[PDB]
Amino acid sequence: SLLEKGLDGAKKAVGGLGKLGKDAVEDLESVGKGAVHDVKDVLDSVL
Amino acid sequence: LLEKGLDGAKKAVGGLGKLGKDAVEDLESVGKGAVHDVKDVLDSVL
Amino acid sequence: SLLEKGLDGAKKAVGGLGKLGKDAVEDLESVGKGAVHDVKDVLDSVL
Amino acid sequence: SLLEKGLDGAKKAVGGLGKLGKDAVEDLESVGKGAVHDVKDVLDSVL
Amino acid sequence: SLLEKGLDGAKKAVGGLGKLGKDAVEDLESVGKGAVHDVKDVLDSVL
Amino acid sequence: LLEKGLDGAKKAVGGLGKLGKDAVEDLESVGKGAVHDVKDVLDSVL
Ligand SMILES: [Zn+2]
Ligand SMILES: [Zn+2]
Ligand SMILES: [Zn+2]
Ligand SMILES: [Zn+2]
Ligand SMILES: [Zn+2]
Ligand SMILES: [Zn+2]
Ligand SMILES: [Zn+2]
Ligand SMILES: [Zn+2]
Ligand SMILES: [Zn+2]
Ligand SMILES: [Zn+2]
Ligand SMILES: [Zn+2]
Ligand SMILES: [Zn+2]
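Protein chains in written order, with PDB author numbering: chain C, 2 to 48; chain A, 3 to 48; chain B, 2 to 48; chain B', 2 to 48; chain C', 2 to 48; chain A', 3 to 48. A prime marks a further copy of an entry chain.
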């Protein structure tokens, strides 16, 4: 039925977005934690 | 005092990342439950 | 259907606990790892 | 440096347990969820 | 030093591959578990 | 017997997915420990 295959297509999309999401959010954590490491690096040519 | 502040921002970031992936996970789980719960209803209707 | 809804009540309940156990852990490993880095700082402060 | 290596011994040890606790959980939620689906099958078999 | 920034670039790459990895592997789980759901769907126009 | 077999393959898949993300995680953690452990050594050398 177009229906079950409708809902599975919503389900499939719900999961798609949910990886884009979790991948943006993790790409973010790493930027944040990258930034801070790379700053600290600078506070070491200066130690 | 500086080091201690980098490790503040690094703990802020992680927490913020922890808070964020726990939103994504609760939103996909909503969605999927909707679709499930719509299955169940279009089902008493088979 | 009471019974289909009971069960999904169960499915959902597991998923909480499951995801709720997954924070607990994550929080433990960032604690263990927090103290470590934090001791690396003290011992470094006596470089 | 014994002490730097001690600590990393610790860091690594946490990471095991952490990641080792994360399987335990994952295994619990697929168990709970296993039984559920599996009961949905029985109750369906009396459709 | 080119060195610390060397190693961070390895570190950055180690993590990059480690997302490609974990994303292939999950894209796989879903295909596998997609396939099986969509098969079962077919065994229902036939129930 | 069929249903029971789909739920066999579905449990096979998950396990295989569980086994696989636990390789990726142990390989990135190797790598990163190498880089860390190379830091530590190029460090007694500051
Ligand atoms: Zn990306
Ligand atoms: Zn660095
Ligand atoms: Zn620190
Ligand atoms: Zn929540
Ligand atoms: Zn249901
Ligand atoms: Zn918490
Ligand atoms: Zn070390
Ligand atoms: Zn296991
Ligand atoms: Zn992809
Ligand atoms: Zn379907
Ligand atoms: Zn089944
Ligand atoms: Zn392992």
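Hints should not be assumed to be uniformly reliable.
To be verified - Not everything, but these chain B residues come out facing chain A in the computed CB check (under 10 Å):
#1 2
#2 6
#3 7
#4 16
#5 28
These aren't lab readings, by the way, just hints derived from the structure by calculation.
Even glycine gets a Cβ: it sits at the ideal position worked out from N, Cα and C.
Each hint tested on the structure:
At its closest, the beta carbon of residue 2 of chain B sits 7 Å from a beta carbon of chain A; the interface hint therefore holds under the 10 Å criterion. A least Cβ separation of about 8 Å between residue 6 of chain B and chain A falls short of the 10 Å threshold, and the interface hint therefore holds. Taken as an interface hint, residue 7 of chain B does not check out: its beta carbon lies about 12 Å from the nearest beta carbon of chain A, beyond 10 Å. Against a cut-off of 10 Å between C-beta atoms, the interface hint on residue 16 of chain B holds, since the closest Cβ of chain A lies about 7 Å away.
Evaluation of the residue 28 of chain B hint against chain A yields a held restraint, the C-beta minimum of about 8 Å falling below 10 Å.
The earlier numbered hint that this structure contradicts is number 3, and it is the only one.
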